Amino acid sequence: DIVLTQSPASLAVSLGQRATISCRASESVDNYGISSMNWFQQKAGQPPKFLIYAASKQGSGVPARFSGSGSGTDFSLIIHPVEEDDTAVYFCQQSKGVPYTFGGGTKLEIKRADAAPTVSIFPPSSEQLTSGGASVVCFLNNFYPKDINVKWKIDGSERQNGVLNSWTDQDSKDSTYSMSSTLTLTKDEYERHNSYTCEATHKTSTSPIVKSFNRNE
Amino acid sequence: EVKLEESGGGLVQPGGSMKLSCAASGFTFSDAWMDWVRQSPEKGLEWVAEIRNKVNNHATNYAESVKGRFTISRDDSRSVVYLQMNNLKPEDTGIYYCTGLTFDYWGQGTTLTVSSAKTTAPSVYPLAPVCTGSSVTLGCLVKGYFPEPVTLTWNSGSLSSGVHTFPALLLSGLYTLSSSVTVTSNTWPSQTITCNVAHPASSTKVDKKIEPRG
Amino acid sequence: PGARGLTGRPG
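Chains as they are written, first to last, in the authors' numbering: chain B, 1 to 217; chain A, 1 to 131, 135 to 217; chain Q, 3 to 13.
You may find that some hints are simply not true.
With a straight-line Cα cutoff of 30 Å, these simulated DSS-like cross-link-like pairs (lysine-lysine) come out [stated by the list, open to error]:
no., chain 1, residue 1, chain 2, residue 2
1, B, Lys96, A, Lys43
2, B, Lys43, B, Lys203
3, B, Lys187, A, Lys43
4, B, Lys49, B, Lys111
For the record, the hints were derived by calculation from the structure and aren't laboratory data.
Taking the hints into account, I'd like the entire structure generated from these sequences.
Here it is, written out as structure tokens:
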């Protein structure tokens, strides 16, 4: 099998700038004078979309800002000028012979101005409490860059167990990230404590952003 | 316009069987070489099987890891490609895409989960704000389901912008995702906002309205 | 396209 190895793993480019993504094959993909190397864009939650064929030739309807080069073992995909909708994972792929193989993908992030998260806090629902569970949820929405810290405090004391953090992929329109933080408790423990705090630290401010509720308000 | 629609994905126990089906239109089907490709977080994208046109004797090919187990075939009269999978392993779990003209065109895909765990419907909980500003943010928690996927929308897809639906995580062998939505406080609670959740695997379909606490 | 597709195996 021909193994394809992409670099870099991810990459962050400002709007209107060049993004260059590479693909090295373990053996030559040249055959009958064509370099059989294809590139694909996978946007969040979508199937792969065909961009480039035969190393450098462009698929029907594909914007001119996408273009590839190379031969033999070393190939690359150039995107220029980059725009907001290009946030995606890009895969190289080889059709020289069976078995057909793909690279591991490269993540293209669109750079933008820093943005502090809009933070919201949500006690459990009445329905969830009547089932015997208690989930306290925090949304940290529309922030950049992706790196962020979320601290949970019960009555002022820090809490690390039961916490689960999920990030969205970068947004196609405004280039921000968003994130859910979910503290999962037994109802019995939830009802023991009064003050529930969600404390978000981010590049944008030295001071954390804090949202809180008290169990009975 | 090219279209590929896969169907027949779902849950199966290890060692079982399943038949995927791919209905293609918008191009000369009898000429197209068709393939199946799968995607998982562990393995990434793997090519699975190929079937070629009548001129290439309907030649089949397979990835080494599926030989003797998977069988690809096609009905040129109905523009359909089949994938018969036997003796399924957990490593065969993933999203299965049907592709036409080798990899020129791809379907939306269908999910295959190979596990002993049983189908479990989600519990769907509304999340209203704390009992002030310009916009306001609402939420919807979807907890304790298996297998993937669920689909979540707000007002049946009417409310698209200002929505963040977070990837599912595996909370001790059962999946949990949330979704947020942000609208102007003129909108809510003046208008009804409903979280719509579907879980094909268990025939679950739930609509939770979001309501104030006080 | 071809039969094989733009993405396919070389002739």
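Going through the hints against the structure:
1. The straight-line distance between the Cα atoms of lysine 96 (chain B) and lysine 43 (chain A) is roughly 21 Å, inside the 30 Å bound, and the hint therefore holds.
2. With a CA separation close to 27 Å, the supplied pair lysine 43 (chain B) and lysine 203 (chain B) stays within the 30 Å bound.
3. The suggested pairing of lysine 187 (chain B) with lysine 43 (chain A) is violated, with an alpha-carbon distance near 39 Å, which exceeds 30 Å.
4. The straight-line distance between the Cα atoms of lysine 49 (chain B) and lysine 111 (chain B) is roughly 23 Å, inside the 30 Å bound, and the hint therefore holds.
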